[PDB]
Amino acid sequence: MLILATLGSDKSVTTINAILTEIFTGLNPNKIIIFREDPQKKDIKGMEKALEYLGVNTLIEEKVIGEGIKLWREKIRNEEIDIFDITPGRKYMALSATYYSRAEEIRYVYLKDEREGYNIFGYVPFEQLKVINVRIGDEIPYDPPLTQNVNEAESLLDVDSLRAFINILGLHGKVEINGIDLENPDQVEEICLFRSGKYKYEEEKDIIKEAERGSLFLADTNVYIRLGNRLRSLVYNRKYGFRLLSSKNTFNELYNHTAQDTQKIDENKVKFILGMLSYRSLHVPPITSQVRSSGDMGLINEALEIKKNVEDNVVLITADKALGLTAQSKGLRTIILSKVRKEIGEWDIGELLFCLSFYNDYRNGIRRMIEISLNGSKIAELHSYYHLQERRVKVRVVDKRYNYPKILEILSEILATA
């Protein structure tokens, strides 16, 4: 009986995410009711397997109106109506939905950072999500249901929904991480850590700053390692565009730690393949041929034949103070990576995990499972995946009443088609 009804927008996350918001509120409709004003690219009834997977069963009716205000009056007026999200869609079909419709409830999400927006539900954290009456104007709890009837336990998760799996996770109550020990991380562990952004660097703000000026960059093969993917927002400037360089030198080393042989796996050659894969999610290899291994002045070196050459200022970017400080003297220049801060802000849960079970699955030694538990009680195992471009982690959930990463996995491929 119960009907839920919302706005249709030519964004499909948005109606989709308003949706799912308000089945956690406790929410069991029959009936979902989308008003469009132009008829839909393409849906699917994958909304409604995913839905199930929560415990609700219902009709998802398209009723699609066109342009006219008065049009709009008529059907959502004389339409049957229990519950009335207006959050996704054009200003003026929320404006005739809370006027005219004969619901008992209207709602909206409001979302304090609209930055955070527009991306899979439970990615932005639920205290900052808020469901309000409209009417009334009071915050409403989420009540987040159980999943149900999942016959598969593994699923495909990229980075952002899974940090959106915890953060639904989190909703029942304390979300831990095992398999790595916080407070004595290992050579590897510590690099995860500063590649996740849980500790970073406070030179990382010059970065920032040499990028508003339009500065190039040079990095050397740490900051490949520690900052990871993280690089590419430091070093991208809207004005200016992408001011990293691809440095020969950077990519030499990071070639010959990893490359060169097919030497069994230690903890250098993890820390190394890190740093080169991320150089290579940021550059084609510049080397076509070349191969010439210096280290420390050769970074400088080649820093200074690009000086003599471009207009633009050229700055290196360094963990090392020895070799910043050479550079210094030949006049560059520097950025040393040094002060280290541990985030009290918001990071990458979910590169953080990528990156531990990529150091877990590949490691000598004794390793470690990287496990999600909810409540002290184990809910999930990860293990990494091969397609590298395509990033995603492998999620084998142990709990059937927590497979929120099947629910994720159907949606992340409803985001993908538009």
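Residue numbers count along the first chain shown, from 1. What changes on going to the form deposited in another entry:
Of the two rigid parts that describe the chain's movement between these two forms, a single one contains both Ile106 and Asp38.
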The other form holds:
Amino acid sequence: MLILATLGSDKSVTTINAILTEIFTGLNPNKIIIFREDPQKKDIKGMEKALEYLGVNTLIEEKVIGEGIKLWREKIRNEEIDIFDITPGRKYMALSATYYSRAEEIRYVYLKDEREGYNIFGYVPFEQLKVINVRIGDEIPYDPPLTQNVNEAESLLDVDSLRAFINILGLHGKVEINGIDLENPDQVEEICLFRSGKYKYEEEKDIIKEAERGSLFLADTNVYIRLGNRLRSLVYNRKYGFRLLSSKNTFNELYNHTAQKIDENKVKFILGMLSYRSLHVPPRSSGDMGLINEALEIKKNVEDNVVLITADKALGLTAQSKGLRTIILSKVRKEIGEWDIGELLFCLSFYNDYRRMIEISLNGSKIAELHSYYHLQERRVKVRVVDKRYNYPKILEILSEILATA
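Starting from the form deposited in one PDB entry shown above, please give the structure in the form deposited in another entry.
Coming up is the bare chain, nothing alongside it.
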């Protein structure tokens, strides 16, 4: 029998990803033990079934050890551990597994920077994380197991899972994305590039600088339809947080084009509405005097610095004429290096349906195809896998449910 041990944490996603990295390096344990200091208090289900789809029939047992060091000296030797993974735990928990433990092998998966992780499995490229046997300091290679007992080709994935799907398929060989075309983009394709990050505005740097100074932001309708969920990364800072206010006028304009004929014009507003819903307004469709007026009203009533973000040059110039500090997205930059491929595919899938079945190909053979399916405030894409051996989105669906519950 092969016994695998790992550590529990408050963010169980790290423990989940630690196990999956252990699975994807060839290990097929008969039993997996998660050592955690405190009771779980959050029933998590589906890992056994998800592991079944990956050709691993294992039992997952949670062993609550307790809080304290001497307590971990004694109770960590009780089990006959074969391979011990010590990545997602506490420092002292990881150290308490190297010492006083009968584990034959102890390994750790290292990530270049710790901050990119803590999300769904496969989002981080596998070139940036490598599992290391801490005893001898070598890199054990990957051999990703294929999916078994695959029932449904269709699956529901968010943006992160779609990017994870691309990265996981990269382990097997060359993964090409056919049908993208691009070349000479139209009006909708241009904003699709902006939302993905392939196109950026030179004034996006101004948003970062103003975010560092701790200033309120009000974003125009075109900002949500062109920057999308990238507004979260542009505005968020550790010191002050997410200081992007929810404009009523922007919501009103998005709502008017959302509630009814799905033309290319309507696609822009639906994309902005999904971003608007995701960014703020966590849970009032009344009239408003406009984006400029609401910035002026807040400016005279608070001591915070009010900044107005817009892609409408006429609106931005008028806002500056009233004294407001305005960031006007005018200059366009190409070749930014890094962008979210998942956001690009999400926009292009939606755009293609209202203009071409764009597919994901591996080694010159089509593997999966995707379409756009929207209902309420859900940024979900349905991908259908035509290859029964690579139906990883089914596992990603289970993981997404696990992460959402946590």
